[PDB]
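Note that this is a trimmed complex: some chains were dropped, and none of the rest were shifted.
Chains here go by letter, A and B, matching the order in which they are written, and residues are numbered from 1 within each.
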Amino acid sequence: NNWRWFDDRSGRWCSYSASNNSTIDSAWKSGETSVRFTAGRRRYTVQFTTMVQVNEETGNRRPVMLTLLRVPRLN
Amino acid sequence: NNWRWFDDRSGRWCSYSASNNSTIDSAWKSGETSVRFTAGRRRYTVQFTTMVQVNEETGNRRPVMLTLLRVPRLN
C-alpha cells in the first residue's frame, strides 16, 4: 500500500484498499497518464500529471502521493 | 521549485517562493524531521514525517509533496 490520498477533513494521508492500490500502481508502472478506480459507490480518476484524485460523482479534488522507500535499505 | 503545497480552495498544487523552497529543501537534505518558514507574515512548520504543512496560528494542515527527477535521465 504505497499510494496515499489526503483527507482535508481529518488532516491526514489515507491508504487505498489493496485492490485500488494495485490498480493505481499498475497504471503508474505502465506509463499511463491517469487511472480510474471504484471505491464505495464512487468512481475516481488519479491524474498522474498533477498528482490529484478527482471524484467523478462530485468533482471533489484530493491530492495524492507515492511513498518512496530508502535506497539503499537500512540493516 | 521542487516542493509544493496543496491549496484545497483552488484545488491545485502550489509552488513555494524560491527562498521558502530553498529553506525547506536544505532541511530535507540535512535529515531534519521538520522545518520552519514564514510566508505573508504567517508562520508554518513542514512536518516531514507526515508530509504536511501546519499553519502555526490556526493549526490548519495542508499536504506537501516533493517533485522527483527520473532515474535514469531521458535523453
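Convention: a contact is a pair of C-beta atoms (placed from the backbone, for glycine too) under 8 Å apart; a residue touches a chain by one contact, two chains touch by 3 or more.
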Given 2 placed copies of the single sequence, how many copies form the entire complex? 4
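Assume only the chains that are shown with their structure count from here on.
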Just curious, how far off is subunit B from subunit A if you go by their C-alpha centres, in Å? 19
Taking the complex as given, what residues does subunit B use to touch subunit A? 6, 8, 11-13, 50-52, 60-61, 63, 65, 68
